[PDB]
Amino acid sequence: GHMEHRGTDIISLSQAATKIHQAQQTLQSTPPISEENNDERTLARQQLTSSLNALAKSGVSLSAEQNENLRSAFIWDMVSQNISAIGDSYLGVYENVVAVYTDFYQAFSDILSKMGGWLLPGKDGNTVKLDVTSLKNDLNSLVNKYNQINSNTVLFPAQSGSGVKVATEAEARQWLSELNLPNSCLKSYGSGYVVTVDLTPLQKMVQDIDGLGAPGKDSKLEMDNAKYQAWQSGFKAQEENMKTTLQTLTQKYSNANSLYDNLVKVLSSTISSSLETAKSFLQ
């Protein structure tokens, strides 16, 4: 127990520092906006935990101060276990939530991009014509698409290659609460439950469109500028509800990512302190 081996300690600790820094760089720079991106982020965490498993076997020893910093923040196999669970069951869920919501929101944006063409000149300068039918049909089609249960719609659990992965009612309700989503997002499927995208603003938009009254023979609705403007304000309010939902989720994702990163910093600080120790010697 008297044979020192600074050289090999320095090599092992530097190897771990490097792998952790690379994973951290990926998790800080790669947005969770596509399946490809989240595959890269998941692989980065796999790389980080493999590095800790390797470090655990290396023979590097920790001080009493370091052992304690680690126990409290989260021995090396306990650390790897705890960080693995958070990456998989907390951050990985949030990544899925953002990627699914991103593509849903894009589908909505694509509809909004058509609205210019659905607003026509009226009979005079005090009236407009809104193509209420084309707008309602496109919104309804979106609702129908995202009311299904599949990999395009399910926020939790994150889905794999086959079937529909479901959770117990209690597990799904916990995430519903965690995400601050309305009750309508909680759905039974087969043997359990999933949490899906919020369709309420879309459904309200359609209601408010029918609220305007029946279209004319052309399938469109003539309206005075005041009525149109009042309708548009209400429509924009529903767009703001969807924007707000997405904002809450992306912020919550960022904070989940920051919580993991804070644990990564603890790892990096621990390893840097060991490296100092391996390089240091009392006069």
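Residue numbers count along the first chain shown, from 1. Heads up, when I say rigid core I mean the largest set of C-alphas that superpose within 1.5 Å between the two forms. First, how it differs from the form deposited in another entry.
When the two forms are overlaid on the rigid core, CA displacement between these two forms of 2 Å or more is confined, within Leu249, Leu221, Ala256, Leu27, to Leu221. Annotation for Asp208: C-alpha shift of 2 angstroms or more between these two forms, rigid core superposed. Fitting the two forms on the rigid core leaves the C-alpha of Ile10 displaced by at least 2 angstroms between these two forms.
Shown in the overlay between these two forms, fitted on the rigid core, is a CA shift at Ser58 of 2 Å or greater.
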Given for the second form:
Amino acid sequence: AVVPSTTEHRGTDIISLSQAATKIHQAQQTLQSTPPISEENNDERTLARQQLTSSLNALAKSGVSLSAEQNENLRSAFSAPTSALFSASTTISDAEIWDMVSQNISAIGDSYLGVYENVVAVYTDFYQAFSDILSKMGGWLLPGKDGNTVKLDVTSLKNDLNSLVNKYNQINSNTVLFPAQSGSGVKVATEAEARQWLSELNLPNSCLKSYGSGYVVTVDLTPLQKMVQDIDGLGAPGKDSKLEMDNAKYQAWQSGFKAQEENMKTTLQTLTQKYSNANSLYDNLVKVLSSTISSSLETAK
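With the form deposited in one PDB entry already on screen, would you show the form deposited in another entry?
Nothing else is written out below except the one chain.
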């Protein structure tokens, strides 16, 4: 080829670089606009990453050239990471580096981000449910028949709470934070792994539960369960109606009920913030990617 061109890349190379940029961006847009709040949503995030992965393999497979800086840039940002499902972290060829990028980014997208997504999706759904019960408090609290007393429909409150605790007490694909429950038939992890993610999510050991050959991490039911305990503690209700109690008794019970609600709120917040940092971390990798692919298309003629 003695005719002037705009790039040392091949037409077949350019097609790959192009599709990669497409996937990279569609991925980045998907991951930034679709929150991990529903199972369907997570499927789309997961998909966007898989397609971004494929695009990368195509690049590596195609053996698409790469300048020195591009190689070192890509290398640096992607090499030597993913240790302990924590965040921890020569002349390497071009085909070799795409494979690395394709390998590592996928690990992060799955073993890390993917977990956080699933965590926020489960914890979200879980707190939502608790919120809904909480909105029924209206028709469950009425001032005392005479003067200073208050009637609490302890029974209905307790029933609801219990159903909630009962639902998430099971071990299925709607109550497991880690590992993510893909498919039919419970997915367990080793205890070391279970405990790693337990630390990562700053969750109590109670969230750790065994299932056959392995372990899984669930939501934290301690708060809800203390709530039920206290309700049981107010003493058996009236005949079949509500339980009456004076102010002191009621005041103390309520503050406690708020303390427990407050607890879930704090767990949840730590989870979403941590999810955020994960998602961000992944995005920065996707930026480096788009940045390298962009530099690779620059008119080098």
